[PDB]
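S.K.: The residues making up each chain are set out below.
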Amino acid sequence: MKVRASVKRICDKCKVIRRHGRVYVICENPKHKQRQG
Amino acid sequence: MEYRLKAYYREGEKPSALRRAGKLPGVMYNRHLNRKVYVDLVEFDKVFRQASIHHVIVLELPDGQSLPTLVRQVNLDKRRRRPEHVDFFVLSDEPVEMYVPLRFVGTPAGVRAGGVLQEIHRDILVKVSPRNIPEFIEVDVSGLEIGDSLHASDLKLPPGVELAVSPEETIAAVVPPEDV
Amino acid sequence: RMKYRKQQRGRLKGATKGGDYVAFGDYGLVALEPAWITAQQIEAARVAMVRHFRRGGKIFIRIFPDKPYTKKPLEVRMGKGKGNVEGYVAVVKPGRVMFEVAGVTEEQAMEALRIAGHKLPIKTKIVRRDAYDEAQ
Amino acid sequence: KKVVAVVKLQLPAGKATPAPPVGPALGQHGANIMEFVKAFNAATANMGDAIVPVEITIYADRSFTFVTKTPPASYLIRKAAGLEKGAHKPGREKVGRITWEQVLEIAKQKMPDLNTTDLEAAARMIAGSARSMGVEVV
Amino acid sequence: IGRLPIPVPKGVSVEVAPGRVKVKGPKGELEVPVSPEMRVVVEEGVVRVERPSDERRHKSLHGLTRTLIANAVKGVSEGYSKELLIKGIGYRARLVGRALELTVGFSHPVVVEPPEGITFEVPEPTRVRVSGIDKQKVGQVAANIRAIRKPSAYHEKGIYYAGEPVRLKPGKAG
RNA sequence: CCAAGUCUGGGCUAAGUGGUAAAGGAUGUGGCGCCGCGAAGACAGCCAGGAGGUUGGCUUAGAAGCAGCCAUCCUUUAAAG
RNA sequence: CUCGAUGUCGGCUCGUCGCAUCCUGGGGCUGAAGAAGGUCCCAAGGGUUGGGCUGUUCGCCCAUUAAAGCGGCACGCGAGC
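So the sequences go chain by chain: Y, C, V, B and X. Numbering of the first sequence is given in this note's numbering, commencing with residue 12 and proceeding in unit increments. Numbering of the second sequence is given in this note's numbering, commencing with residue 563 and proceeding in unit increments. Numbering of the third sequence is given in this note's numbering, commencing with residue 24 and proceeding in unit increments. Numbering of the fourth sequence is given in this note's numbering, commencing with residue 4 and proceeding in unit increments. Numbering of the fifth sequence is given in this note's numbering, commencing with residue 774 and proceeding in unit increments.
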């Protein structure tokens, strides 16, 4: 899931991961792959 | 309690350099007795902060004058918060202009009553009391709904009985959620 | 919005600061770096709060639909009598006292605003009473 | 696939096989509708009109049924009280109200399957859960 | 106060060469790299990571050379073999010299060439994995073979590392 | 590139921002204020219970947090969901 | 800037760049079982049919297709029709 904007984790445990200048939020639930960078 | 530093260099360029350091301008006032004295913020704040420290005096330590004072004015900073000028008065026996902190309870008979809720209107009372005013004058009434409101009338006065404000003008009242 | 029975046609252009800062319930909603603000939008925030609030404990207010906006034309050319009073809104620029009640107690009143505001048109902020207020 | 587990149920004492709570619940969840049901009869035979609760399983004691235990707080509350279902709304309705003594007492009485045991404890439980319903103290 | 504590048991060859801290144990001459300011000690039974500051780079670095070189150690201690379990009704596995057997997706030729420290343990093969040297690249090749045909969250079958209690999503209507 | 320090001094960025942009997003970086504590010996790691009336409301076909609108008491300690 | 002149539609011939990519491959996501779909992300490679009615570009339809893309240059082109 990509959205060059917003991304505020969600899935309770949902993780905010720095990655190559990219705000890529990672969860153990595929259901949140928050990509915006 | 409170403590400050005298304003030799006073009035303008000073107040500014003041803000600079982290000192905001202040006045020490008593009947026609005044001193342009200056405020060290950080703590000045903590103090004011007590708020109790805003409705009820504290003791000022300037040079070595442990004396009695409260605040009447404060040019508080338009552009955000923090003020631009603090004003205090030192008392003797006769303090009339009294803004005594007033706490109360509509004795929960509103929300868990009509869903309705309570609006604090006055909160404090500027009545009279000779440097002998309670830091918590208070009132109550398990009536917290209907076309219901309560005022200075009913009020319910303490040891220092003196209303320097008006004859009942609504301490506050209850308005409905989406009503009951 | 509201601003019934005016007096005049349409004001004009300017903006710089104002004079609202106090509070009225401790559900503190305060502008910061604006200018105009669409009444409509306003409601937007209004409603936002209104429903977030488990639907009930009724908020307060602040500003007003204030002035009359004109785009005049329709798409035209320009030089007509600049007629048409198409829009209505407030003029708040120096963080103004936008204050409103329910009984959230905490970040729910927070959210409510946070949103309503995010919603509004500008970099702005919110808070609670930190410098009581003395009247006559 | 078959996950064992003692079945905790609230049912129509006097009866035995309440379609929804013992048909599906017991039988499929980890028990049996009508059989646990006639055991039910065996018991509910003299407890059945203020509702009755029992946890029934195939367990130690090498058998089937398990433990019958005081018809849950709030419910036996209205039960002795005097109303059918729930008073539709608790607190914001402040219309169902009971009293001190008769309360603490009924407490004492139902006291069996009661955590620890204390006069004030059971009474308080009454006032409280009763409220939970609309069975408020007044 | 901690991001530096590691012993060097067994007469493991633990020494500084050309910016490379050489860690030789069971023939594995693991290279635990050396950054300019890091630096450590080889004393009696303890090897210690030191720090010429403590900002983000240096502190992280500390954690690094410390733990990675640690790796050089335990590694040289044994030799590093990666424990993996393949398991699929539609799957097979057998060494055959220097090669990955494997087949879970018909047309079977899943012939490999195990890198180095690597070799294949075909104990089942429902139980079957890899053996290496340097703890590190064995994990990588391991994951290699893992992924090449592996997953299946809705119906299992693949190659499962340990097998982390693999999750799975329903089917159609039932 | 062409004149004149690849001056000295104390920061702060590491993206090449410098070589246009906002609303807005964030364990980016570096600077200051309150809240719990490592001797009521900390946090993540980790063990173990995963408390009893809780399973109170319309809708219960099912709310008995893990439907939704009304609660927010009690029992009782490892503690208190 | 243009009126001591910058020939304004459509089509034709010739095109040439852009991606916000129709088709293509590469993808995570699914309310994905397969097959096939919908949903973003990556990327211009090449590819991107014939008729009808209309001076129409556009459009509606006939038959196709893997696809039958959108759009820049005076809505490219009269010193080339």
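Treat the hints as calculated values from the structure; they're not laboratory data. Check before you lean on any hint, since a few could be wrong.
List time: in silico EDC-like cross-link candidates among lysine to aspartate or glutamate, alpha-carbon distance up to 16 Å [stated by the list, open to error]:
1) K81(V) x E740(C)
2) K942(X) x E39(Y)
3) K40(V) x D639(C)
4) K81(V) x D625(C)
5) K585(C) x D607(C)
6) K142(V) x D43(V)
7) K585(C) x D655(C)
8) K640(C) x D153(V)
9) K640(C) x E56(V)
10) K82(B) x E108(B)
11) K81(V) x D741(C)
12) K576(C) x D602(C)
13) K640(C) x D156(V)
14) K29(V) x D89(V)
15) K608(C) x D153(V)
16) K585(C) x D685(C)
17) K568(C) x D639(C)
18) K640(C) x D89(V)
19) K800(X) x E929(X)
20) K44(Y) x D23(Y)
21) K19(Y) x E134(V)
Some residues of chain C that are not near chain V, with every Cβ distance over 12 Å (derived) [said to hold, decoys possible]:
22) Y565
23) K598
24) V652
25) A671
26) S691
27) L725
28) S728
29) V737
C-beta: ideal position from N, C-alpha, C; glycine also.
S.K.: At 12 Å, judged by beta carbons, does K598(C) keep clear of chain V as stated?
M.R.: holds, 22 Å
S.K.: Does the structure keep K942(X) and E39(Y) at a Cα separation of 16 Å or less?
M.R.: holds, 14 Å
S.K.: Check the hint pairing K81(V) with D625(C) against an upper bound of 16 Å on the C-alpha distance.
M.R.: Since the Cα atoms of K81(V) and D625(C) sit roughly 52 Å apart, the hinted pair is violated (cutoff 16 Å).
S.K.: Would you check whether the claim that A671(C) is not at the interface survives, using Cβ distances to chain V and the 12 Å cut-off?
M.R.: Correct as stated: the minimum Cβ-Cβ distance to chain V is 15 Å, above 12 Å.
S.K.: Does the structure keep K585(C) and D607(C) at a Cα separation of 16 Å or less?
M.R.: holds, 11 Å
S.K.: At 12 Å, judged by beta carbons, does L725(C) keep clear of chain V as stated?
M.R.: holds, 14 Å
S.K.: Holds or violated: are the alpha carbons of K576(C) and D602(C) at most 16 Å from each other?
M.R.: holds, 13 Å
S.K.: Take a quick look at whether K82(B) and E108(B) sit within 16 Å of each other, Cα to Cα.
M.R.: holds, 14 Å
S.K.: Quick one, are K19(Y) and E134(V) close enough, alpha carbons at most 16 Å?
M.R.: holds, 14 Å
S.K.: Going straight from one Cα to the other, do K585(C) and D685(C) come out at no more than 16 Å?
M.R.: violated, 30 Å
S.K.: CA of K44(Y) to CA of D23(Y), is that 16 Å or under?
M.R.: holds, 14 Å
S.K.: Is the Cβ of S728(C) farther than 12 Å from every Cβ of chain V?
M.R.: At roughly 9 Å from the nearest Cβ of chain V, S728(C) sits no farther out than 12 Å, so the non-interface label is violated.
The structure fails to meet hints 4, 6, 7, 16, 17, 18, 19, 28 and 29 from the earlier list, while all remaining hints are met.
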